[PDB]
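Given next, in structure tokens, is a single chain: the form solved without S-adenosylmethionine (SAM).
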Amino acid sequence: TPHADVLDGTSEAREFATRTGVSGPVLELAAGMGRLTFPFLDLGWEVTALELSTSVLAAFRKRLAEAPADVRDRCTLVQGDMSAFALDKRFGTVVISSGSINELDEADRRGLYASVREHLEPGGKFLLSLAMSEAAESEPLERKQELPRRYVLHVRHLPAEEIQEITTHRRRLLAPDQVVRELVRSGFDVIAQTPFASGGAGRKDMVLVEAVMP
């Protein structure tokens, strides 16, 4: 990097619950060590938590052992891949967090959408949270050109993907509008996009997306 050469999930979980209103289990994709799962469990939800890593699942399992029996009993841990999974069970609600979807490239996101399709019951809901950068939230500047019959050309540049760079690590930052376009492209109907503040106060910096299958 140019500089180096010179040198809590509660609020997010509540937002999912707002756009849920839940009979039966919820499938949470790439649940990690339960940063959102534990909040979900405190809402009385029955959660099937899918996580790829053996090491992360150990941490999740340990934290569940420290939880009360009533909480632990409502969580089912399953080892598996968010971009390619098969549980043979369908679900009323399927959930994925911003950090998780942003770990997937273009092809793997298609894998994700298709996998979700196979795990949604009729009329089921696919819910996503998506980090929204300053560039993603702003209205694109439209630029005019008069050119010869005379025509007017209007040009806009819509955000699609950025890189979040820290000082060394880069991470993918997708525009919520980009993921929405992909969801439509994969067959889903996106019925709601709700901006919210990830920490529960201040500027809105995330979008909660509701997608359903026609």
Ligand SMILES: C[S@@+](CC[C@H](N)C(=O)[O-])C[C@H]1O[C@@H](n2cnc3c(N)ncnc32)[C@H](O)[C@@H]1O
The other form holds:
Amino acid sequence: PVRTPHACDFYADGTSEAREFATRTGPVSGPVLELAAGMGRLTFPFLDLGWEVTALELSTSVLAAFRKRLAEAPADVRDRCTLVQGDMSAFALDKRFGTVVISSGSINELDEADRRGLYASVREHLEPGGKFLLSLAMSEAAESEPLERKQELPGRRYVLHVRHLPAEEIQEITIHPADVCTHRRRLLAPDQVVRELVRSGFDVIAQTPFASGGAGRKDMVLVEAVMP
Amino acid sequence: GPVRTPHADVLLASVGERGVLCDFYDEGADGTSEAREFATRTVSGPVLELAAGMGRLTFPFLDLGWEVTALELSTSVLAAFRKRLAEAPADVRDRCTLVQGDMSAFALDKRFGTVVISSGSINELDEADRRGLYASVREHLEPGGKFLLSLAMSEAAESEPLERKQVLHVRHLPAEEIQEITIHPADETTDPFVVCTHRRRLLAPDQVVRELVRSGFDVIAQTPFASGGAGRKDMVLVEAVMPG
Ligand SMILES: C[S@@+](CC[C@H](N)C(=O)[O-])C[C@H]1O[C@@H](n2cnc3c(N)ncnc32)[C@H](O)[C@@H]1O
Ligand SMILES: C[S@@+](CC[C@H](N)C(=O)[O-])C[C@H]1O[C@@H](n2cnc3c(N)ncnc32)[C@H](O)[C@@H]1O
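After the form solved without S-adenosylmethionine (SAM), can we look at the form solved in complex with S-adenosylmethionine (SAM)?
Complete assembly follows, chain above in first position.
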């Protein structure tokens, strides 16, 4: 239990986010691997686009919920979805895919070392010319231009320029009855993940901001990465 | 090779053939006050200083009478320290113990009443290596001994995080930034116009504090201070102890 300065813990439809993934993939022949699929907040929208989806999830309990939802769906929908228990930071399906997909909530679950395991696992499950697509929440600090500081320093005079670039923040939530719950989660800057992707061998061909809920301020980025 | 910053991009473009871009840390043509912050918040006996470098802090510490063990990873840096230590008075020279080691995974046949590390040093370490540091420090602290850290504090790290309510309170807390610098001569001509760039890790002081608590320390004080004695307080002095 985290006792924030404002003192119980604390522990949305995926159609728009899913359509954004579909925009940045285009033709997609063959199956799509979705990492940390949860109970299908994105997977069901993906299936509705006609995609064949291998949905990977770590939790037994979450898998049961997903399986139940799938039993409730029409046969043609359920038939296009393959559920697999695994760890997105270290998995082996002995099988490659034209497209690999991961959501922001998912990637922000992993620390730095685990993200490297993720990147490497993905490399092993991409077919040549395959696409690795990520969505990433973008905070106010992450989208803003960094304030550059300038100082004149001395014999020879130099000008020093200093900027601080966003890398990682904590999203803190205190739930509050109006007349008290708690959560802190990781919030990586899209630019930080892009740096990490390049470092792990990927070329990042595009970063498209979008609105998670499909309207209003653009609060997310869709990153397309490919293997050279 | 070197980091190509937006301001560097435009400089080099508008300078042509005279322009040279290199990282700040290669071909490249403070201390006593940060040292005093440490001295102010501390001795019964020997101090351990981690990642001592060439002794920007260590020599100030030695001038206070301290027995210092200075741990450093780089062999050439240690050689350079040793050279500076050779020109030092015999009494200063005898109170200094130089040791080669990794501050993320080190083991000495000694414990200490005080262990110190500066901002530049802890920011060299990724998250995993920082956990290795905290565990190692705990093992080298005598009962009641203190772990003292100095931590650079950016403007975003210094500000009160912006809230947005709906009631649902949402704050975004700084955890880690990248400090990016660009340095060039104030003129334009010069003969060779060299532009230095560098990118480095810059942890939020509160993030390191969260990590220390998680690691088993009690953080008993955090005092902001100015790295050049005066001006904006751009640094925090953290004191941590083991509970018991
Ligand atoms: C914030 S949710 C995102 C789920 C979904 N893609 C969405 O957009 O709603 C993170 C999910 O990843 C799962 N998860 C956490 N770590 C995992 C791991 N290492 N491998 C696979 N799944 C993981 C959790 O069980 C949880 O269901
Ligand atoms: C920013 S300087 C700090 C030096 C000194 N404490 C000061 O305030 O001037 C970083 C120093 O840490 C050393 N270093 C880097 N990683 C290290 C490690 N894992 N263990 C010990 N020293 C390390 C480098 O060789 C360098 O001397």
